[PDB]
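Just the one chain here, laid out as structure tokens, in the form deposited in one PDB entry.
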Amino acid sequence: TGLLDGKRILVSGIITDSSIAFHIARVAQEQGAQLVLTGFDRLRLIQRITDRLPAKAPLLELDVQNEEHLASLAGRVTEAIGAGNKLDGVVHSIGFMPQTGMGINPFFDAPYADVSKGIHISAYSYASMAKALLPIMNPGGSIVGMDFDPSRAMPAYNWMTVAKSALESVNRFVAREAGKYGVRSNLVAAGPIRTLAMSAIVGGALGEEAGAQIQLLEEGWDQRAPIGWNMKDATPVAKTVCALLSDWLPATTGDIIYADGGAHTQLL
């Protein structure tokens, strides 16, 4: 049978077929998980994408900034999975940061309203999503978010890095809350994955300064990674998340698991 048999897992974050949450959903379903998906803006668009999944699953609207979406989320899920049923897994795979705070723009030229908006979506929403769903979660359940190692600074990532340093702090705190329900909360720190913005800067959407930079950071990842790293394959990352959602890591919470090919453990 499948890694996640008879587990009901909410997976947010799907926008395209290159999304990390798309492959987290695909694998979860491949491992026999009943899913519940959420989407942010282009619900019609994500309907077309989510239809390309192994199995049919309810799709709810969730704008983590929206105070109404959050207040109503549990009940909507209750309706979708069926009264008397609970969640065994929540996948937070949400991120955002205006151009001002990430990319070619000077680190010091990001206005706070932009940084604030990105932290809200990339860091605080993890707590508010756990606050909504914790109540309708089963003991032994698992909440996992996506992270990008922010231990050290780097070019381009700038204020996103500061948002991810927030998310890791938030995660350890959400573990406190989540423990009172016997639920774990961890983050999967993945190496770079080609999606849209990052698989666009290739040719040079950001210019010759950028491109040739990210193309360097990415490149070095595959060298540093003792088992290597293919930025065009989001499957290994997705499987790590499934391992976190499963029951084979029942004593690990408030933590961070690194799906980056070991790159973060090697200097050169």
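Only residues modelled in both forms are compared. Note that the rigid core is defined as the largest set of C-alphas that superpose within 1.5 Å between two forms. Numbering follows the first chain given and starts at 1. First, how it differs from the form deposited in another entry.
- For the residues 206, 237, 214, 64, superposed on the rigid core between these two forms, a C-alpha shift of 2 angstroms or more shows up only at 206.
- When two forms of a protein are overlaid on their rigid core, residues whose CA moves 2 Å or more are considered shifted, and residue 197 is one of them between these two forms.
- Segments of at least three consecutive residues in which every Cα is displaced by 2 Å or more between these two forms, once the core is aligned, are found at 197 to 204, 206 to 208.
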Second form
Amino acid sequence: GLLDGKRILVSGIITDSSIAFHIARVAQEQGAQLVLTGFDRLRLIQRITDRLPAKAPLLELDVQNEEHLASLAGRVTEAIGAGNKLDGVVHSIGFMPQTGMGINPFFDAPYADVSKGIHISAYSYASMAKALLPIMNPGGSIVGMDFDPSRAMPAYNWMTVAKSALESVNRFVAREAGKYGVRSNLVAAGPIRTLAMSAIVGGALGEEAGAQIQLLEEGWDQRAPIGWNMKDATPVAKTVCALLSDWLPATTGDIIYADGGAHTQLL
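Could the form deposited in another entry be given as well, to go with the form deposited in one PDB entry?
The next block holds one chain only.
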């Protein structure tokens, strides 16, 4: 078992298509003991996580809620037992209001919406690290999910800006985490069909955005030297487990691309 004996917190499960659900599944298959966190729809999330290979405690965490963050470490400790600490933390959380996405003009997104998106998608990586580092073991690993924002693209709009901010946040979280002997890294995944952008991807919220996204997906598989399957989150989940393991011990503040190699190819 790649993660035998390791205690890992996984946030971000909302459906069985969630990248976090697959991370959790693979982690448990590899021997990890999990604590899960969920947002807003905890009754539904509980039914979904009951389908994981092993039973895991589910805790509520809205990353915009200061009370939730202040009590998190205490709640986790109660879940894993006094005297035990975490070895891993997975941040698989993102949101950008519709005004900041799709066919909505880039200039028309009010700052209040953009600010909410950046709070949830980027700042929360730092606040979860702040909350959880005091209960992590040395040798531990924090991993977040990125979508390569180094270039602009249609439809992704303000979420691209939030991911640029997240990459920067990760480099600073690494500085803090290193004081605890903990690594911090992002996995930059290729596009996966999940609930988050399903309405935009399907064309429901503007045919143009749907068409642009189809072009992006087709080009991604084309450019990836080993191809890319947008319906299979397993390669991404495996990569996250690699970073949670002891086998990338000198990598921190960094981004590991689980994208079929697409970002390394122009055409």
